[PDB]
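Have a look at the structure that comes next, please.
Rest of the complex left out; these chains stay put.
Letters A and B name the chains as they come in the text, with residue numbers starting at 1 for each one.
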Amino acid sequence: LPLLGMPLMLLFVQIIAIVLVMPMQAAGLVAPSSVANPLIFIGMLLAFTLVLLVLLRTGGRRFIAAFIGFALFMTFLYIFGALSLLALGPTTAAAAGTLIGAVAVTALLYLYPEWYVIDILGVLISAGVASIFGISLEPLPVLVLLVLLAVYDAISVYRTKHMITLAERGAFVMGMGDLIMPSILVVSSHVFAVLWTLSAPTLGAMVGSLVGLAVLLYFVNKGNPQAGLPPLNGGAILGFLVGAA
Amino acid sequence: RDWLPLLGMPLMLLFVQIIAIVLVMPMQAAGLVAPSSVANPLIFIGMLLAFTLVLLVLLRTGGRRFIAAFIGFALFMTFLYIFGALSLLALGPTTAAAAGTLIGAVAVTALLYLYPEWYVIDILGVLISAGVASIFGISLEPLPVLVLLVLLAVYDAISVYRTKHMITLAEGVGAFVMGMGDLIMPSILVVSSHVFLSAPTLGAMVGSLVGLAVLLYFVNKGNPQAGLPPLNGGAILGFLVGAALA
């Protein structure tokens, strides 16, 4: 049954990312087109992580536990807050309305969950990040970013596999990350000029990603071999280009 | 009866609040502070996280008395601001006032480092705590402070419930900083209310004492509880009671 579950997880993240697209540009503002944007993005990720880890190596018993709780709280503030209070909206008790909401959620997220809860929250966050970057510019810096990241993945995969043929948390993090990646082409192609059953080529990307994840879960059950991202990234790319022509 | 024992902490509460008010006065005679935005609590919290990160990287990189040095200096400075504020409202801009506070803070900090009388420690803890309380209380207004309080309280209860459950799991299924610090927390709401003999914000002070009562009650019972929600929740209770008055 979860065999549909994780594709469900994708579909939902994409959907909520689109639903968030409208209220998100009521401010938004992260990063023109510019293909240098993916590079700035990558470097931002590497330095962010490098810092976060040096925070672990300098922490992180109650520190980075809390630190993460806080970052989580902020991003959840933006999710509930900016995206729902402006969608009401806007101001006053609604803003307050969402604070209570986000404090509730992070409190809920912290302590111990129950199966569906973590998945749900992850879906929310994921849709958030997806929406943000997808909005933060167009389907071509995004195309290059995707193919870059994916190619990195496949290479590190083959490499660390070939590095074998001799002789917990980060999983959920990385999971969310792949959940996020194609959604960026879906939002960022919704920010593009057709509009059948609400934006035809973004649909194309979306289905292409759903089949991508299908193929991935298949090879995943075939045994070991799966170059992580290049299925969903590149396949969502194929679906997008298929839905644009 | 059970008076003299363990009343010293509600004593310390009242005292810190009082000295926080009395410090509300002189601290504006040279500004300080740091916009009644609800983002202010967030900036507060994050900056606090930076404060701890600094303190920890400082400790792990110690520093046998380098750590003692770094904190001794931090102390010296915060006492400079305390005393400074005192004389600068007192004798005002005069050289003998300022020099008075420098000599004062040198005296006090030196005393604390020279193995004092350690009833003294509680007293100084009260001074410092009242100081911080005054600063942030003078800084921006209730509703942000209210948010800050409720937030922090929630964090606390999460933390306690977590490590306690981690006790109930692991079978088969420096403290003064935290002390005087939580002594500070609701008092900051006590200040940021008289800043917006006293008002109807006595209410917050008594409610905070009653929170502390519930706290030292449960603490003097077997099988402990969370901390903040009695003190904050009770100070908030009293404060909101001090609204239904006027």
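Keep in mind that, in the parts below, contacts are C-beta pairs under 8 Å (C-beta built on N, C-alpha and C of every residue); 3 or more make two chains touch, one makes a residue touch a chain.
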Checklist entry - Beyond the 2 copies placed here, what is the full number of copies in the complex? => result 4
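The rule is short, and it goes like this: only the chains that are shown with their structure count from here on.
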Checklist entry - How big is the gap, in whole Å, between where the Cα atoms of subunit A centre and where those of subunit B centre? => result 41
Checklist entry - Which subunit B residues qualify as touching subunit A in the complex? => result 38, 42, 45-46, 49, 52-53, 56-57, 60, 147, 150-151, 154-155, 158-159, 161-162, 165
Checklist outcome for this item: Residue set of subunit A touching subunit B in the complex reads 55, 58-59, 62-63, 66-67, 69-70, 74, 99, 103, 107, 110-112
